[PDB]
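Consider the single chain below, provided in structure tokens and representing the form deposited in one PDB entry.
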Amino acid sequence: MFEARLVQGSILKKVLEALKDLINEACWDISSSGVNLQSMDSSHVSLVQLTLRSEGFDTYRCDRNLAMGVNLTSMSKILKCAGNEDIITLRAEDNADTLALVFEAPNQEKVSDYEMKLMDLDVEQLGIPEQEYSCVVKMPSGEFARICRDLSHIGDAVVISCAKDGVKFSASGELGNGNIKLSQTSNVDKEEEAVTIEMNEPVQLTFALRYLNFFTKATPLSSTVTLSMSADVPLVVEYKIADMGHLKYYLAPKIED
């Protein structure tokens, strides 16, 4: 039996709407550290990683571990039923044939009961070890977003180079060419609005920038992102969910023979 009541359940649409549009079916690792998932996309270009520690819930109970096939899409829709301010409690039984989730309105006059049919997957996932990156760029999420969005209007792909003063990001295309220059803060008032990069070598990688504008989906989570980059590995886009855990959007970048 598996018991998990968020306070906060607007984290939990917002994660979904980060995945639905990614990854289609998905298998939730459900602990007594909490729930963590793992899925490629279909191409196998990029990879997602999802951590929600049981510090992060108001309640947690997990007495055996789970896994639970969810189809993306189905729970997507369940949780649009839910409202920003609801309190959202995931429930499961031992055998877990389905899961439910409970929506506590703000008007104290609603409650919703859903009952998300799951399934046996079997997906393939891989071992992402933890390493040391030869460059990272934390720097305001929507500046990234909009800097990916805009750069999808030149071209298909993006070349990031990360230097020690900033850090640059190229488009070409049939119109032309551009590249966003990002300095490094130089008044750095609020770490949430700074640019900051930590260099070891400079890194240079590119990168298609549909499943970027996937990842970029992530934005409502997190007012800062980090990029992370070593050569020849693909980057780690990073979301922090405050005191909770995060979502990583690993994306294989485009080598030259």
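Residue numbers count along the first chain shown, from 1. So that the term is clear: the rigid core is the largest set of C-alpha atoms that superpose within 1.5 Å between two forms. Compared with the form deposited in another entry:
- The residue among 179, 125, 84, 98 whose Cα moves by 2 angstroms or more between the two forms, once the core is superposed, is 125.
- Core-aligned CA deviation for residue 58 between the two forms: less than 2 Å.
- Core-superposed comparison between the two forms: the Cα of residue 201 travels less than 2 Å.
- Superposition of the core reveals a Cα shift of 2 Å or more for residue 188 between the two forms.
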Given for the second form:
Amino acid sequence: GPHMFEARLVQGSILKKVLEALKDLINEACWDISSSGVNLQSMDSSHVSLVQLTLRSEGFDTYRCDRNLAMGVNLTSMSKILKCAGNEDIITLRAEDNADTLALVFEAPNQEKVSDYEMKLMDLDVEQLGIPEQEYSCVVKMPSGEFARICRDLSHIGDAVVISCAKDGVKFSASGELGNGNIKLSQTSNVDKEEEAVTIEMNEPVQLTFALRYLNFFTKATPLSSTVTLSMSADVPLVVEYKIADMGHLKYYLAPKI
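Same protein, different state: after the form deposited in one PDB entry, show the form deposited in another entry.
Only one chain is given; partner chains and other molecules are left out.
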């Protein structure tokens, strides 16, 4: 009879967090929903960065997608509505291939309380960019909290950060009217319970300059992942990647200086 899309995500907090990680970067975007999952690709309001979000359909406890949908969504609205879901709530996206509307359904962990919200969808012109394959000179996997804190600190110095990587460590440097900062992290032996490890996979050193405004947007995804990955190469966009535990990921692309 009815061509629904239905995704139940028991760990509903993932959805809340994913939208916290997008709402400041994107006003309106189009969620590509298919049998394989929820995919979102979009440049940010200013056309500076690109974000790519993948929630593989395996990662939902329940998933039904009769037909492919391209739902244009106001992210600000969707973020306010997710702010009405408790952190332990079971969340369900519901869409009837028909309708002008996405439904979000929140089951509280206590079982006598159930909220539903219905968002009015939007006609956005789907465009998707083709991401080239690339070998990276430098790949840095470090705790996410640390990357968040380095970007945060250094924004108080300058509007750019220089990232300098070697086999031994990685250096972050800024400079502004107050003066200059430099933050050095060394590669870890390997910390005793691990995701305090800094790892570098380098085939060639890099010295690249990035904008602190966009990096500090990117670190809003920090609650999603205990670690972060930076992939760098000269004159080729930076990739910032958060794994969303065995469900998919959230990637951010940003051009370095010149």
